[PDB]
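Chain by chain, the residues run as shown.
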Amino acid sequence: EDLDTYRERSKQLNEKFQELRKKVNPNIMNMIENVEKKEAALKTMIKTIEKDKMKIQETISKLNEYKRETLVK
Amino acid sequence: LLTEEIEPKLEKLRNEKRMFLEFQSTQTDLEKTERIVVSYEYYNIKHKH
Amino acid sequence: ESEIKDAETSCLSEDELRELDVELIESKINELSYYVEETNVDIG
Amino acid sequence: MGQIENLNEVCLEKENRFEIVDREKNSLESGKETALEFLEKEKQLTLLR
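Residue numbers (the deposited numbering), protein chains in the order written: chain V, 934 to 936, 962 to 1031; chain L, 198 to 246; chain G, 1159 to 1169, 1191 to 1223; chain B, 344 to 392.
Hint data in this document are derived by calculation from the structure and do not stem from the laboratory. All C-beta atoms in this analysis are idealised placements derived from N, C-alpha and C, irrespective of residue type, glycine included. Among the hints, erroneous ones may be present.
Here are a few chain V residues that face chain L, going by a calculated C-beta distance under 7 Å [stated by the list, open to error]:
no., residue
1, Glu966
2, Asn972
3, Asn1022
4, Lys1025
Here are some chain G residues the structure puts well away from chain V; computed CB gaps all over 10 Å [unchecked claim]:
no., residue
5, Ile1162
6, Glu1166
7, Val1201
8, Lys1207
9, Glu1217
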C-alpha cells in the first residue's frame, strides 16, 4: 500500500547523477535559442573575416593592374 | 583571442546540454525500470500474501 | 580511506559511542541533506 | 611622440578590454567558494553521521 537486482542499483545511480546536476535546466529551450543566435552571429563574423581578407587581397591586386593599364595609355 | 577564450564556456554549455539530455533519458529509463521492478515485487508480494 | 580510519578510531570506545544523541544526529543529517540539495559543489 | 602615444593608447585600450569587469569572474569565484563551504559543512555532517 505504500508504493534484475543490478538494474535497481543502476537506476539509483542514474538518479543520483541526475541529482548531481542540480543546475536548473528547465530553460534549455531559451538556452538553445541563445546558442542558435550566437552561432548565427559567429557565422556572420566568419563571413566578415573571409570577405575582409578577400577585400584586402583583391583591392591591391586590382589597383596594381588598374595603374599599370591607366598610366601607359 | 576573445572568442577562443570564451570557447571554454561554449564547450561547458554544450556539455551542460548534452549531458543534461542524457541524464533526462537515463532518468526516464530508470523510472521505467523502477516501475517494472515495482510491478514484479508487487506480484511476488501478492503471491506470498 | 577516511570512512575506514575514522570508523576504526571512533570505535573509552563505549563512552564515545553512546554519549552522542540520536536526535541531534538526525537533525544534522537532515540539515546536510537540505544543504546538499542546493549546494552544487564545483571546482570552478 | 605621435607613434609611441598612439601605440600606448591602443595597448591601454587592449589591456582595458582584457580587464573590463574583473568582477564577473570574481563573483563566480565567490559563489563557488560559498558552495564549497556549504559542501564542506555537509561533508562534516556526513562524517558525524
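Results of checking the hints against the structure:
Given the 7 Å rule on beta carbons, the hint for V/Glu966 holds: about 6 Å separates it from the nearest Cβ of chain L. Given hint, V/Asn972 at the interface with chain L, holds; its Cβ is 4 Å from that chain's nearest Cβ, closer than 7 Å. Nearest Cβ of chain L to the Cβ of V/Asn1022: about 33 Å, over the 7 Å cut. The hint is violated. Interface restraint check for V/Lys1025: the shortest CB-CB distance to chain L comes to about 37 Å, outside 7 Å, so the restraint is violated.
Against chain V, the non-interface label of G/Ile1162 holds: every CB pair exceeds 10 Å, the least being about 22 Å. No beta-carbon of chain V is positioned within 10 Å of the beta-carbon of G/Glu1166; the least distance is around 27 Å. Once the 10 Å rule is applied to beta carbons, G/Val1201 is consistent with being away from chain V; the minimum gap is 24 Å. At roughly 20 Å, the least C-beta separation between G/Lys1207 and chain V is larger than 10 Å, which holds for a residue marked as non-interface.
The claim that G/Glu1217 lies off the interface is violated: its Cβ sits roughly 7 Å from the closest Cβ of chain V, which falls inside the 10 Å cut-off.
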